[PDB]
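Below you'll find only one chain, the form deposited without the named molecule, shown as structure tokens.
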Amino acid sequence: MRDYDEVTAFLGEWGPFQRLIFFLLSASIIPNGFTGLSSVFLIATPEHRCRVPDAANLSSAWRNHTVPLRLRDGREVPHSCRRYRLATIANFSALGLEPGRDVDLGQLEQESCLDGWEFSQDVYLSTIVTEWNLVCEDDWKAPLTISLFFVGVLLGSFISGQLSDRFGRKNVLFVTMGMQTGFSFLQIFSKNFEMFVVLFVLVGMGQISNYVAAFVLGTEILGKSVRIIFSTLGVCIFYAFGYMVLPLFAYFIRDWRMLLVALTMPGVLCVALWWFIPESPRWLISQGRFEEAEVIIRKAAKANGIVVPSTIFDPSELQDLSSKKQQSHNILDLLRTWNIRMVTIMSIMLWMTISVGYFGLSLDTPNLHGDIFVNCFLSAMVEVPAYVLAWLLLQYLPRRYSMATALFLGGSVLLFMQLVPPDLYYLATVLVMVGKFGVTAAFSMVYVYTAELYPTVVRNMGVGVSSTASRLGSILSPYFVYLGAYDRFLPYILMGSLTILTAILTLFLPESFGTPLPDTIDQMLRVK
């Protein structure tokens, strides 16, 4: 009995076919890059103050003091959710009494905005926050729509695998890419907040589905070695490239409708790949469609320029290939033994905390001091070296110390943020970027570490559980940034403390480097 990897070895690990599949599937991830974190610009909050109509007979003296003041960063700014009672202000404004002299501004009555907000346009022209006034009493609705986006991402992860197994990798890939672009485009015509949130949920469901489908297809077509490079550096780097390109558009386009129009344009180009990406021959063989798999294999061989007589490719054996034993599906197997139970709980906590930190640090860029566009670009740029370093470390160093050090650096750098004085405010940004670098590195390494820790019989189930925990952590991430209203540094304190605790936790996991991967739970390494 041969194996698929052994029968198709005559194609070679690298060449025009593998090069084209690799770069066409990796480039298909660029739309996933700027779509996920577009909330940084679509749902931004400009400066605002209580509106006052023009019908009030207020002189220039009162027109400068219609809103109470508050201190912020030492300086004073207008109150964002209160205004002096317009009836009372006008009552003696008409009579000629002057502000601050006759009537004490510290004793006047206050009321919430009855006529709306102003939403200064220094940086943004319009956002969904300005569109539907998601401020003050309704400010909690801004992080809710982001959480619902990640909820949709969560739900899409469950059904995408089953759907692609039932209907094929390419079909689901392109269908979900089409639905993601169609629903993202329809948001331009949103009529109310509810329609926008529902469409955002479906957008996230398609974004995850067309990411998982492309990942599976790429990992199934490519060879034994190029598979790991594609899985770890290809898609991640192209996602980072998309994330880096996201702020370049937002710099020129500052209207959420036009920004959505621009960000959805590249997704249309990805439809041109239908004639250049083949179906996974392994899946077709598993379906019994050996003729199509043979056709695709012969086309690939012709593309690579390898002469393929019967003595080097016999399609009869293609119908009688070996098949690996099914992995267990009962989730109880992960919790019926002490060691695997402890490992699973530690992996869940690790993945959830890393995801929470990674997304909280990415969503908090608009609040840092400096240019929001440059800060977003820097946040995206540091991911590339993080991925390269993660790959090199996994290639040459033990995972336990590598991840422990990465998490320690990331968590510790965030705690020092409160100590930076305003004279060197820019030192805060570099600390945040270093923390993002460390968190990205740890997030990249944790996948390979967890995949190595679990045995073959429950590897897929354990990785899936850890991924679901990571999705939950991502869902929770936007609410950590929301705490910035109640305290400027609380989100960083929380994320740093959790990252440090996770770093200490990593030192208790067993070390898989240099040890053969186990096949059964009894061969699983024992926790410290």
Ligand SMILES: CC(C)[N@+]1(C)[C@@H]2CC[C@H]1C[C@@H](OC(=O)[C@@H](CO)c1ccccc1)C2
Contents of the next structure:
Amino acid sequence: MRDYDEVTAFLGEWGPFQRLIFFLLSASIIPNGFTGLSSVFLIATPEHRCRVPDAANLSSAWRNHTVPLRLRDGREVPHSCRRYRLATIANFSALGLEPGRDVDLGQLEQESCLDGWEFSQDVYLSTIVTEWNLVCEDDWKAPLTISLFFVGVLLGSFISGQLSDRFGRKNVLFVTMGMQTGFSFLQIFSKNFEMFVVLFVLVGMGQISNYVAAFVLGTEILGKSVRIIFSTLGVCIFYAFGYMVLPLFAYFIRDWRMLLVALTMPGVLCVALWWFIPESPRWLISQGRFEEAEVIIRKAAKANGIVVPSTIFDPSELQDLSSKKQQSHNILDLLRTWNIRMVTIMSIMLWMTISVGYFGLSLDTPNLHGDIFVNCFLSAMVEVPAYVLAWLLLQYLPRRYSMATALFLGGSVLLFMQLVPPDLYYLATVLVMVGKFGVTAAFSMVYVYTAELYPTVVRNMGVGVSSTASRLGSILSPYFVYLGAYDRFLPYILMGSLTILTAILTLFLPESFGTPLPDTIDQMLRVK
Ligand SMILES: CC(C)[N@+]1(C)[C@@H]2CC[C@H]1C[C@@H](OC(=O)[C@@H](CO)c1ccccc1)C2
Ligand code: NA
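Mind pulling up the form solved in complex with the named molecule next to the form deposited without the named molecule we just looked at?
The complete assembly is shown below, putting the previous chain first.
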């Protein structure tokens, strides 16, 4: 018996086949870039105030003084959820009385907006918040939709695995790509809020599912050395490109339906890949469909120009491949021994906190100062050097000090936010981008570090548990942004404190660099 990576080693590590597969599977990750964080523009809240119908016979003075003024940022602004009793105002205006001259505005009665709201159109022409008035007593519905999107992503994480195992990688990939694109398109025709919410849940489910299927198919087709590069840089950078191009679209298109059309179109464009990506030969061998694997291997050999006679490859060996011992599935293994128990708890908390920080910072961009589109672009762009640095650090430096430093930077920088004087408000944006830089580096590194910490017997299970923890964290991530209304800096204080505690935690994990990866739990490294 032999190994699949050995039997197939004759194809080489790099060449026309593996190159095309690498850049096509990576290109299929772009739509997840602008689909993941489109909520920053689809669910944005413009400035708004109570609407006063023009039927009111109010003087120009009264029309200038129809809403109480409240102070924000040290500056007067119309109160966004309350107005002076329109009937009392109309009675005063009919009597000839005028504000200030005859009326003390400070003691008038107030009511909520019974004629709806007037949203400004300086930035957004329309969004779902303006469509269904998700403001004042409905404001909690705005982040809820985003939480529900990540809820769908959670469910997709469970389902896409089993589906891909039972029906293949390419089939699940393209089916869920089409599902995501179709439900993204359908959302344009949402009559009311509930249909939009449920369609957004399904869109997130499809998005996660097809990301996962692309990742698994790529890490199964590519060779041993290029596998790491694909997993680490290949998909991350093209996700960053998708995110970076999201604000480019949102700048020209400022209507949520036309923006959904624009973000839907690339998904339809990706369907051409069906004729270029083959099914994973390793999976087909797992199902016992050896003729299809043989055909795909011979086609790859022909594409790379390698002569493949019986002396260098034969299906008889293909039919007698080795199978690795099956890994434990019962979760009890992760809790049976004290050391692995503690390592699992720390990894859960580390992944959840890194995810909360990353998605909170991503979703908080429209609340920063300066141009919203420039801020979103800078947020998307600061990830590419974060991935390059993460990759170099993983290649050459111990994981513990690297991740302690990246988290310490990401957390400490945020705590400085409250110390920036308003005159130099732009420094706060600098800090926030450096903050997200650190978080992004840590987020890229943990995917590898955790996979090294667990022994083979349960490695996948442990990684999956920690990954689910991170995904749970992003359900909470839009609510930390929601807290920005109660107190501007509270979200950053929370994120910074939690990140510093996570950076302190990381130092207690055992070091893996430069040591053989363990095979059985008895060989697992001990926590400090
Ligand atoms: C930060 C880098 C390493 N990622 C490529 C990792 C973690 C975040 C980012 C994107 C990806 O994680 C996701 O969950 C993706 C695809 O499901 C996602 C992006 C945006 C919204 C929801 C999910 C995997
Ligand atoms: Na995709």
